[PDB]
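**Student:** In case you want the letters, here they are:
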Amino acid sequence: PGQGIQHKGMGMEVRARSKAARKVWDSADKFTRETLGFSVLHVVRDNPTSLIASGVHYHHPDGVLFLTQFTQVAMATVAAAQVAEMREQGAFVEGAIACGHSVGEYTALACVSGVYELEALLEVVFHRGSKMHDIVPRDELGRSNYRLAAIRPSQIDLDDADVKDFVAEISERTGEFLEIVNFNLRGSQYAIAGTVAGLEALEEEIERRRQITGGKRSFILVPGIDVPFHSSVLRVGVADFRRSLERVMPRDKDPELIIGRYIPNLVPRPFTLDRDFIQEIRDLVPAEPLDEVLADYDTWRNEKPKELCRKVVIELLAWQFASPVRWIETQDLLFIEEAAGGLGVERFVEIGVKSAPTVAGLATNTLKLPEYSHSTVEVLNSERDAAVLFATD
Amino acid sequence: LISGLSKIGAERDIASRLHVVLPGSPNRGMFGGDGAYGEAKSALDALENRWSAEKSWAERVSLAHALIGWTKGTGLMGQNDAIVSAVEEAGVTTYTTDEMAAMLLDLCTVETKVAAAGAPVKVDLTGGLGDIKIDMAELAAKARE
Amino acid sequence: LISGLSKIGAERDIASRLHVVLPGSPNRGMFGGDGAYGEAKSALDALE
Amino acid sequence: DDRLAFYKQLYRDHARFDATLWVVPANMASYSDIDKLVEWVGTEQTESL
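Protein chains in written order, with the authors' numbering: chain A, 1353 to 1745; chain B, 2270 to 2414; chain C, 2270 to 2317; chain D, 2173 to 2221.
For the record, the hints were derived by calculation from the structure and aren't laboratory data.
Virtual Cβ for every residue (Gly too), placed ideally from N, Cα, C.
Some hints here could point you the wrong way.
Using 30 Å as the maximum straight-line C-alpha spacing, the simulated DSS-like pairs for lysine-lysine come out as follows [to be verified]:
1. A:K1375 - B:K2276
2. A:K1382 - B:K2382
3. B:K2310 - D:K2208
Just a few of them, taken from the derived set where beta-carbon distance is under 7 Å, the chain D residues facing chain B [what the hints assert, rightly or not]:
4. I2206
5. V2210
6. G2214
Some but not every residue of chain A turned toward chain D, in silico, with C-beta under 10 Å [unchecked claim]:
7. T1401
8. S1402
9. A1405
10. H1411
11. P1413
If we strip away everything but chain A, and leave its shape as in the complex, we get:
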């Protein structure tokens, strides 16, 4: 799962019991204390207000745990520790296909494929948080001319193509900026960022289009997000983060654990290293390291493949900043791959403790509407369903 459901003392019960959880937390907490002069344990355990770090000063009236430079770190460590325990009990299956939503994708790769050290994971994730704060213009009050909004196309007869249409029209019409940021659920969840007036005009449209609306149905504005990220406005700051990734993500890694198991955001379809796949990336995200590899695929000599996967993996993570996260396609893709590979019993488990109910509830409603085919499916959450995860009952 992604950010925003994080709670004070999340997964702190597991830390007191599991040994694997302690090693994940303490190795992470020690590094942060020595390098950046602060502890993630304290932040998670009791939520502070202001914090001063090495070069930076973070102040929030509510909590620092809800600040992204921290929140992402907390969320990543919580999940990484929970999976480690699941791995210690051997409950992790050898053929498990894994994916993540936004910041959760970094944890996904960390847990299943071990693509970075525990301290290495919290480096990228922390810096990615600090990178998300300085990207967009602000006022004296820290105001934004933009915002984000959550759409539900349902309750009326409207489709994904109908939503895309209406948004594209009002985007061109007013001359303002309106972008569909997140494709989450087929007929259920969509996120949209751009000019506030554009968000308002779009809110207005469905209220007019839907015949039954007296209450401004189907539209939820997002508090706290001032950045129209995952739109066409963010593509500038990738190159600096693309280098930062290559520093913290070296070339000795497991290709297979990622391939076919991992579903990027920028790329809705499963990771595989092929001339076909690398091209799909370039099309969505034009890039210098990628376009050359596509130009000559005749580099076939066996020294390449791992080195190829290592850059392709980083390209997906670096430009994940820019490209919209497709959760719809991620879910639907799983159906596509199963159907071609057989439909027999599947178990869907979400990890990260209290973040687990979200994308499961996202899956649950998705398992309903397109998936009506009557399949045996199990939706399991680390927070809620733990008795089922460890099979103890």
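Mind docking chains B, C and D on chain A? Use the hints.
**Tutor:** Then chains B, C and D, alone, in the frame of chain A:
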């Protein structure tokens, strides 16, 4: 008090070094007339050892040692005020409160702050009262008398 | 204790000098491992 | 208040921009005071209405 602010700094997790200026008494052992300052503040050298011993105190607290020389206040030293000129005749310096305050701030400058972060800084703010050959058995008592 | 035996000596009026051997710890500051002796006994110079 | 008025006099003279002064009753002889004071010095910076 040092331990208390060390806990807060560690619990709330700051790497910021609290600079504690230790109000050391000037030049212990070469004055017999103070009766209070000279003896009490000599264990500050032993306190600098505690920080040099305890490992985790470095990030929370830095020890800046300042020896505060002869400094003229009205209330306590109202007897000592007249012989301030007399002691100053030995080629030694007695300080006004504003002068000594300035000496204490200079330890709080960025240059000397970083110096304290690398290692404990012992500063002599005394006016040369250390090599003083003036007999305190007389020139202090008589002054007080 | 020193003051106590000083009173007795003065009250009962003896000029006899009580020799108090002060159990000083060896060479303060050049050992960091004792942890007790080295620091405590350096004030015996102040007691002198 | 005679001590309280003095620090007000001292502040209104020597205060620059960005300058904030805090005056409190305190006793360094009390361990309770020390613990209570820094527990006050270290907590939030927040005012709940």
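**Student:** Would the hint on A:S1402 stand, with a C-beta cut-off of 10 Å toward chain D?
**Tutor:** 6 Å, holds
**Student:** Going straight from one Cα to the other, do A:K1375 and B:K2276 come out at no more than 30 Å?
**Tutor:** 24 Å, holds
**Student:** Per the CB criterion, is D:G2214 less than 7 Å away from chain B?
**Tutor:** Holds, because the Cβ-Cβ distance from D:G2214 to chain B comes to roughly 4 Å (cut-off 7 Å).
**Student:** Would you mind confirming whether the straight-line C-alpha gap from B:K2310 to D:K2208 stays at or under 30 Å?
**Tutor:** OK: B:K2310 and D:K2208 at ~27 Å, within 30 Å.
**Student:** Taking the closest Cβ pair, is A:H1411 under 10 Å from chain D?
**Tutor:** 9 Å, holds
**Student:** Using the nearest Cβ pair, does D:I2206 come within less than 7 Å of chain B?
**Tutor:** 5 Å, holds
**Student:** Are D:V2210 and chain B close enough, Cβ to Cβ, to be under 7 Å, as the hint says?
**Tutor:** Hint on D:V2210: holds, closest Cβ of chain B at ~4 Å, below 7 Å.
**Student:** Please check whether A:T1401 passes as an interface residue: C-beta within 10 Å of a C-beta belonging to chain D.
**Tutor:** 5 Å, holds
**Student:** Can you verify the interface hint for A:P1413: is its Cβ closer than 10 Å to any Cβ in chain D?
**Tutor:** At 7 Å from the nearest chain D Cβ, A:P1413 passes the 10 Å test, so the hint holds.
**Student:** Close enough to count: is the Cβ of A:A1405 nearer than 10 Å to one in chain D?
**Tutor:** 16 Å, violated
**Student:** Take the C-alpha atoms of A:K1382 and B:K2382, compute the straight-line distance between them, and say whether it is at most 30 Å.
**Tutor:** 26 Å, holds
The structure does not agree with numbered hint 9 stated previously, though it agrees with all others.
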